[PDB]
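The excerpt is restricted to a subset of chains, each kept in its original location.
Naming follows writing order (A and B), and every chain is counted from residue 1.
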Amino acid sequence: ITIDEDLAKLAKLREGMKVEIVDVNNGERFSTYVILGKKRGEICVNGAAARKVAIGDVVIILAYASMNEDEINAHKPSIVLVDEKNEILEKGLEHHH
Amino acid sequence: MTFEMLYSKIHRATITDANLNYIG
């Protein structure tokens, strides 16, 4: 999955990082890796994964890390909300309730 | 002992393109 490098950076995603993609439109859930893109606002699903989505679909991109007890206690997740143009609306360091 | 934890996420982004035969 090619993600606008600036958007990826804000979400602390590194190139090659495995991420889980869940499609809100069709319910598909799959894993792939991040490719940093040079096109502003671009999110392009490549390869076999292209069959799991349709252009225009709304998706949630999740990145997980293996952490120990101390890391969990000090951890602050980076949650980025974007608009229809993939422009940043919000970036929080805590889950919503 | 370790656990997989949500590190970061991009919520409700929009797919702008798809390339089935992407090379490399």
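In this section, a residue touches a chain if its C-beta (ideal position, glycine included) is under 8 Å from a C-beta of that chain, and two chains touch if they have at least 3 such contacts.
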Labelled copy-number formula for the complete complex in this structure file: A x4, B x4
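Assume only the chains that are shown with their structure count from here on.
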Go ahead and note the Å separation of the Cα centroids belonging to chain A and chain B. 4
Which residues of chain A touch chain B in the complex? 3, 7, 11-13, 24, 41-48, 50-51, 53-69, 71-72, 75, 77-82, 84-86
So in the complex, which bits of chain B are touching chain A? 1-20, 22
